[PDB]
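Since the structure of chain A is provided, determine the placement of chain B with the ligands on it from the hints.
Number of protein chains: 2
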Amino acid sequence: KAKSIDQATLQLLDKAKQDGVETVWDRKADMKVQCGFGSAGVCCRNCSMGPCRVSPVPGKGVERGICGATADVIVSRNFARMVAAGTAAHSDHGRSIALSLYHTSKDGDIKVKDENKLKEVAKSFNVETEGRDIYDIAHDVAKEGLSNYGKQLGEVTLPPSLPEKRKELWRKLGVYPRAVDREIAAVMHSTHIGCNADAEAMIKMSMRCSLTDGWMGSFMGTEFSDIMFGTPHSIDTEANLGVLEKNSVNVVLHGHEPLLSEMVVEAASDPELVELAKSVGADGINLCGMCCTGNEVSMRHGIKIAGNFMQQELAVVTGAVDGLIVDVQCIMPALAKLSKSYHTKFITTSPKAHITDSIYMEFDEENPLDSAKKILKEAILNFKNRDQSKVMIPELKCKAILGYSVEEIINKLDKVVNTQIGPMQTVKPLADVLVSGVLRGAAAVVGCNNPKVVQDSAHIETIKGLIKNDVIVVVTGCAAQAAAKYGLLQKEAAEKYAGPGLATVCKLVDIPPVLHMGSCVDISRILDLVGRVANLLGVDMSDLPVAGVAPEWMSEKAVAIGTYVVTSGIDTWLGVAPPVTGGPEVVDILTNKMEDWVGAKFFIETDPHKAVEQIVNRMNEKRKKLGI
Amino acid sequence: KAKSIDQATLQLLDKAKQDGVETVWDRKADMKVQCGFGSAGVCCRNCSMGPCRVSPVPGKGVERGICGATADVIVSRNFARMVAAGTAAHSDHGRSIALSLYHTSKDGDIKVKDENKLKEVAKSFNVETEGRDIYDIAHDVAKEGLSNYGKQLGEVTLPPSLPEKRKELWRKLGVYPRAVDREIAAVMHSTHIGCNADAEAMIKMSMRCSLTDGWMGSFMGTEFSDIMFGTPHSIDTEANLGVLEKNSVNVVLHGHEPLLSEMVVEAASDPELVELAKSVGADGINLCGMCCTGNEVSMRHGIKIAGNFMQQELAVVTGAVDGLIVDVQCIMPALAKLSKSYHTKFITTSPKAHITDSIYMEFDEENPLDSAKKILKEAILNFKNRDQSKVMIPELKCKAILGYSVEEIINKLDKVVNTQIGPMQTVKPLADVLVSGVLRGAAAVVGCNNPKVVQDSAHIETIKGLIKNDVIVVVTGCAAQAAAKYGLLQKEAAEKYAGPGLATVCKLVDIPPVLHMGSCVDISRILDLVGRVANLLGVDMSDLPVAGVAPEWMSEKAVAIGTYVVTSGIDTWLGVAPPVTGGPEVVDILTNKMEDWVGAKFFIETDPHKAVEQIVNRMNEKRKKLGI
Ligand code: SF4
Ligand code: SF4
Ligand code: SF4
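Protein chains in written order, with our numbering: chain A, 46 to 673; chain B, 46 to 673.
Next comes chain A alone, as it looks inside the complex:
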């Protein structure tokens, strides 16, 4: 089968074959037929009595592990641990952001750039703002956010966009969230040998844990990032590997933590570093981003996006990356080995993400700007080691428009508001187009790449089908970057791909049919948007014609995201089967019984066209339930 639908990706794969280096595709081929027990989730290693593998087919073979655990128990515990790991990644990101907020000052490297957003957040956290210093408010807000992570007494703080009905449903079901780290610890405790051996209770614990990601960790990370670095607005950028410059220093920012990439962007305008780049024979400094850190700097500053997850290696294969600076998460360790075949300096910066044989330059949060400057200086000085005979940059780049935060979307919707009617600054125009049926619904396309799927194929096919069916699409993460590379993040795309109702809406509001809402933590924005719509219509989020899709997901973070999206009341389609087919009870809970609990459920569909059809049918069913 084809490795990708992206032509630049294919050219660089040919180059990697010529250079004798191996990619993620090569390692996937080397893995050959993957273990059936692990693929079905019926393998357990939770204690040293094991490893235990039970039959994925009930009634045949070994039925129980040594402790007596059934296939359903093993599957449910494995699924819960995936959710806990994803929640941990997102919560650690949000915790770093909250600590950065706590260390803001007027004359420091980290300031408050959006005071209005900070005051609204302070209102949401019961922090007084009138007649107060802005940084005192910021510190109080950071304290409340940090308490959300580890409070042992009392209730956590949740955003006002979350409907009261959803909160009450969670409380009745027993999944109402506690402090984030406490929920992670609870999931890890209940999967220990000889604890929870009941699939339904295990799934409910995992949902409870995922809620602390969706509504607390990711939400606080996003809002505090907006406070410190600015709320995203409509902004132009370029996407795909063609953004690399042969005649300039190329600095590629990979990872998830935004403070480092923000400081690197600021350092790139330093006169001394620009002069140094000129002195090493380069035209200038060309910052490019990848994955979620690329999404953040692109949403807030228009930094060009070099590529998504499965392109990271190919960025090095060009031979033009002088410095690859990585913080945490979704950083293929093979990059270190790959960097030996080129001049590239592979720089790790976080104590959480040491990588063997990489150059470690710890990013100092006490002096973020100076630390970023020294890291960037190492990248710039590496330009002298460039071998221009090994350089091949495909001439394939695509224009994209992004920056669609909830605030930006509301500002855009204000155009189609009659002044004599109003109100202004609400999601009411969006609610109106959804209720009238001009738009059939809204769908979030999120997730990673996965060698099991032709890279970016499922993302593009799902998005095109949805917008052709007058479903407005919001995108995050690597799916958003696939849309950017393909060219869907363009106003022209409305008349090229969208159906009649969505084309009319795009023309009236002057937006692309596909709205890039940011990184994987920025999925919280999607929640926020949906919540607002629900609160405007006086219904729960499970009554709306909305859906989420993860066509090509790979990460534990994706598992946690899908779990909290379903728990919030939004049906979720998974384009890659999770390792649960071995447990019939777990499959039945996730795809059938979940609808009785939270009004939504998982859909597993590896065919994107069938997924689009199912999404449209489900949205029409919910519309008929709602009367619209």
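Read the hints as simulated data drawn from the structure, not as lab findings. Wrong hints could be hidden among the right ones.
Since copy identity is lost for identical chains, a pair holds within one copy or between any two.
Said to hold, decoys possible - Pairs of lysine-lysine, DSS-like flavour, derived with a Cα cap of 27 Å:
| # | residue 1 | residue 2 |
| --- | --- | --- |
| 1 | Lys460 | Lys435 |
| 2 | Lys552 | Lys151 |
| 3 | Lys385 | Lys323 |
| 4 | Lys105 | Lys385 |
| 5 | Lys382 | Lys638 |
| 6 | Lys646 | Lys385 |
| 7 | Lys162 | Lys513 |
| 8 | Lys382 | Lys105 |
Same frame as chain A, now just chain B with the ligands:
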């Protein structure tokens, strides 16, 4: 191979074969040859690009996972997740204890029974005590303990017995602990795909996480349990399955959390329940404990111990267990199936541990005594369903002495203190016998059973070898219960098994050669003891001739325990190989490089006699280093 060295265990295995019921031994046999990849730890399932298996033999076969992770990376992440799971179990136990402390009242079900212990703990937590109400002090202490779990700013609180040198070494190494749930979340975050791919850093993160178990979670759980339920003192009890009564109601308490078992013990003396037991035709109520909850109630009240981990099923096989009340952890789910073959009521009580097809009676912490009375009444009423023709109780039980908390040990040591010299109430006599060489050292024997080892064989052989070599032995958990069943927890055992120096010490102090220090969380007591000795000698804990042994461990909790014991500076022998042989770098870190870091290291030895020899040699070389 023999299944056990215990004769009562063998008789009940014959009965289980005659009854056509499966045991843990039968399921282990059914599992046959366990997966080599999982056994070596070279299998990874951390993302849905996998499952990935790399060769346990370097230089052959597949070398890297799909993301590029090496065998060392996969092994180190798997080990770290085991540590995180064990830390989560212990920390959740301690968190429940702290919450119970927070709800103590003068006229409530949960009171303060050891005010002196509470005042000393309050001193350790910087809580004022002079001229204050005892329950105000208790609530402040509980608040400080709870803050240890989830504080995001500042430093955690550690017991005064921990040497300053050990803390400084931890700070220099980068493993100084943070809040417990924060460290669990950090480990889970760094094992996520594309985060940490460096074995040394991964092992250091796991050590940092395990410290929050050893010195914060388990320590606080133990000390708060002492405050609420009484400090253990020397007390007599009986051990092994013979403690069951044919003519009495048999109520078996299995699990770890002590509040429920304490309330059940209190409810058993209720006049209405005793009258009800008489009216259902029984002579009375016979409470028996298993595993750690049995250890707690036995340490504090002399409740008879029915058996350790791999005996739990056999307790039901007797046909005499009218009620089996379980809370969390090390509860084989197969019990639910097994109790169908008998009249036994298998009662789950904790929302953390639901077991399918068991009778769920949620233990209400708000009204603990009434809830315990209701559960106990269900067990008593089940006596009418006893089938006395199916009853077979082995006439095999053994006298044991336990209750050796640090306070009790100090009280015993006061006997050999010359009044004209002093001081009293210190560990000085123990330090003196260790320094003079009358005792060669002290060894902690802890851990579970494991079907991979003849049950209780390794525990007994290791303990007998150590005490024969004039090494005083402290025991916890299932190892302590194996010693109890065998008969080592007896004063007579001193003259039957101990060497000359240990026999003299036992005669002078009037103690058994093997000291039962309580449950698995009570391993913190061992730490406390060692710390005191170190603080009395002005040395670090790694300079002492001390060691820890886990001859037959199975649980993730055991992994976390061994990790924090080694990190504290105490060499640890493992009688069951952990899944790390596939990563040569991880093996080298755990067994060789750890000594450079923390002055102690792991020893993997499956032969108990060889383990005893190695322990004696290591203790002698540490003595020669210390000059004693
Ligand atoms: S999933 Fe289990 S059975 Fe399959 S290779 Fe991995 S450890 Fe072995
Ligand atoms: S927890 Fe149970 S099923 Fe899992 S490895 Fe241990 S004995 Fe086997
Ligand atoms: S994290 Fe890497 S090694 Fe582990 S399953 Fe995913 S791709 Fe394979």
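Right, here's what the structure says about each hint:
1. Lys460 - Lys435: For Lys460 and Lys435, the Cα distance exceeds 27 Å both inside one copy (50 Å) and across copies (82 Å).
2. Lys552 - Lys151: neither (42 Å within a copy, 71 Å between copies)
3. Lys385 - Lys323: For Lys385 and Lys323, the Cα distance is within 27 Å only inside one copy (26 Å; across copies 80 Å).
4. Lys105 - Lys385: between (49 Å within a copy, 22 Å between copies)
5. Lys382 - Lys638: between (46 Å within a copy, 25 Å between copies)
6. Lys646 - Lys385: Result: close neither inside a copy nor across copies, 46 Å intra and 34 Å inter.
7. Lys162 - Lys513: neither (35 Å within a copy, 71 Å between copies)
8. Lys382 - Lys105: Between copies, since 18 Å is at most 27 Å while 44 Å is not.
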